[PDB]
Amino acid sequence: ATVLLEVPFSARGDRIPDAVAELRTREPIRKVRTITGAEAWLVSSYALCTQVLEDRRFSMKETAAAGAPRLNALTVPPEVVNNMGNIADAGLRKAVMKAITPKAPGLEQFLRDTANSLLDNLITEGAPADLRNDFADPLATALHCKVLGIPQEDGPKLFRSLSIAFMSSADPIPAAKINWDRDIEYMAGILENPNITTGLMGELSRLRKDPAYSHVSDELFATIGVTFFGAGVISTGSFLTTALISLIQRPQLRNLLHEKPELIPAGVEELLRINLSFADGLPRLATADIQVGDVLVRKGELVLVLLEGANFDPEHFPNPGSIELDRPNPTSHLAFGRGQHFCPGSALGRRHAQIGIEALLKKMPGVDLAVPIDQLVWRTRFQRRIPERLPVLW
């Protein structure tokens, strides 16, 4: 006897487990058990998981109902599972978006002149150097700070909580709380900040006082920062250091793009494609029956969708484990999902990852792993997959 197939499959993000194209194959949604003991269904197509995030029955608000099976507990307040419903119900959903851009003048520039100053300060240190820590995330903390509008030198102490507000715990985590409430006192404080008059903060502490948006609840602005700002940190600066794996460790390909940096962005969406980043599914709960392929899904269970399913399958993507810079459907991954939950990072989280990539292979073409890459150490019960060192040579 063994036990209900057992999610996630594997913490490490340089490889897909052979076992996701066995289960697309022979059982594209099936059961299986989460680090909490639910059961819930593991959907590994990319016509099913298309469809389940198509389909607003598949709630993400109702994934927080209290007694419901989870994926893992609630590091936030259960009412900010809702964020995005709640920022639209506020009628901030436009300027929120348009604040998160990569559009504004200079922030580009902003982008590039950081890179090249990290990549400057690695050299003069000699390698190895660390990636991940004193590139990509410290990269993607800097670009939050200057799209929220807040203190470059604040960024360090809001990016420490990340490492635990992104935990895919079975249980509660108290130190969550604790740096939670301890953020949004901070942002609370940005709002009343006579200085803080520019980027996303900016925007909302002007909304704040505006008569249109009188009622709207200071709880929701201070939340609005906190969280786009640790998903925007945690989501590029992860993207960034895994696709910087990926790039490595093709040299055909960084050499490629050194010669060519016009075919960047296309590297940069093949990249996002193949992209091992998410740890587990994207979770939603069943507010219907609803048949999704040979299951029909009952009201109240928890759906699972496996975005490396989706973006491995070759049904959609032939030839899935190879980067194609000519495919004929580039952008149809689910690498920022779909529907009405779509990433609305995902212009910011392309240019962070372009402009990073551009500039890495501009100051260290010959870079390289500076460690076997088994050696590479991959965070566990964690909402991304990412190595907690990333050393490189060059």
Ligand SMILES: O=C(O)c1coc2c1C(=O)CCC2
Second form
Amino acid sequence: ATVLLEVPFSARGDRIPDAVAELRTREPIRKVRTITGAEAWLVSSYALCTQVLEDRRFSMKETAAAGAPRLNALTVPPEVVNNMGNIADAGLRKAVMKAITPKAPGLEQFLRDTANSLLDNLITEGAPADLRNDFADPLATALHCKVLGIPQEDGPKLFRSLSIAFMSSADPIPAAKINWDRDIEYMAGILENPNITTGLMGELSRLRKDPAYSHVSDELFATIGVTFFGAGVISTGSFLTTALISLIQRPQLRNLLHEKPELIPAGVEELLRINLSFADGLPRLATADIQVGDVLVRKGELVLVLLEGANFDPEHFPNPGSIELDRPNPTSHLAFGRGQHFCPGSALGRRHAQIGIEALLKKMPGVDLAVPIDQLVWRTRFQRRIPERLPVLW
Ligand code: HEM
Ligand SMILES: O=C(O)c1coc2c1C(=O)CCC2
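Return the structure block for the form deposited with the ligand bound; the form solved without the ligand was the one displayed.
Let us now look at the entire complex, which starts with that chain.
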């Protein structure tokens, strides 16, 4: 006898396990056990992943209900799981989205200048360099301080909460509450700080004093700062890191992009498609009995949408493991989700990766791993897949 198949299958972000294509072909929705001991339905084909993400009866908000089957323990208060819904209910969706676009004057030049300064510091120090801790994560942190309007020097202490805040744990995490409460106090101070007049926190601080928002709560204003810093920094730093691995392991493509940087946006869209940064399927709770493939999912059951199941589906992306810059459907991957909860930071995340890669290819055209790939240490029990260090030479 064996126990029911457990998820996740592997914390490695440099290879997709053979189980995924096997499930997708044989059982594109099938029952699994999560780290809490709950059962769930794992969806692994592009068709069924899009069906679930486009049907709001598979609810994000209801995953926070007491008693529900859980993917992992909450690391924020339950009402924060409905963060974007709360932002939309407060009439703040358009304002938040405007503040986090990469189109703000000078923002791209600030990202380029920051990437070039970090790279020059590594070149001065000499190989090996760690492109996660001393390049992709400080570039994500500096970008998000600039986008929020908060001091660059406050980035590193907010960042250090993230290796706990974005854990994927079977049990509640006492340090996540200590850091959450501290980071909320900091964002509440930022709203009262007269020096903060730009970016998303300067805009929320002005709307807070406008009569059209006088009953929006101070807890929501501070929550938007902590959640958008943390989601944006963990997601862009982790995606850039694992995209640099995929590029370093494809020297022919790396040389193509170095030679013709105008192809970097199409290369980044393929590195999104093949990215294994999300460590778990996206969770949803059924609010009705709904047929998905050969399974009748029942109200109250947990469904997990495996993004790499969709993104490596050869029925939708033929030769799925290959980066091909001339696909006819290049932005139809699920790396930013789909439907009601599609990522609000998608443009910013694409621009962070494009500028980081352009800068790295110009400054370190011979970049390569400095250790054998199997020596990278993959973080476990985390909502992203990331190597703890990414040692390179050039
Ligand atoms: C390459 C970088 C990024 C990737 C791959 C990414 C991926 C995703 C995915 C897959 C979702 C959907 C989750 C779901 O449906 O359950 C999502 C939602 C979210 N993302 Fe991103 N993200 C990125 C960058 C950003 C940035 C830069 C921000 C903010 C500055 C951001 C903030 C959020 C928020 C707040 C949500 C929740 C939306 C909702 O619930 O409606 N992300 N992201
Ligand atoms: O912002 C966090 O610290 C956070 C860390 O983990 C999550 C969040 C969310 O706000 C969304 C639910 C998952």
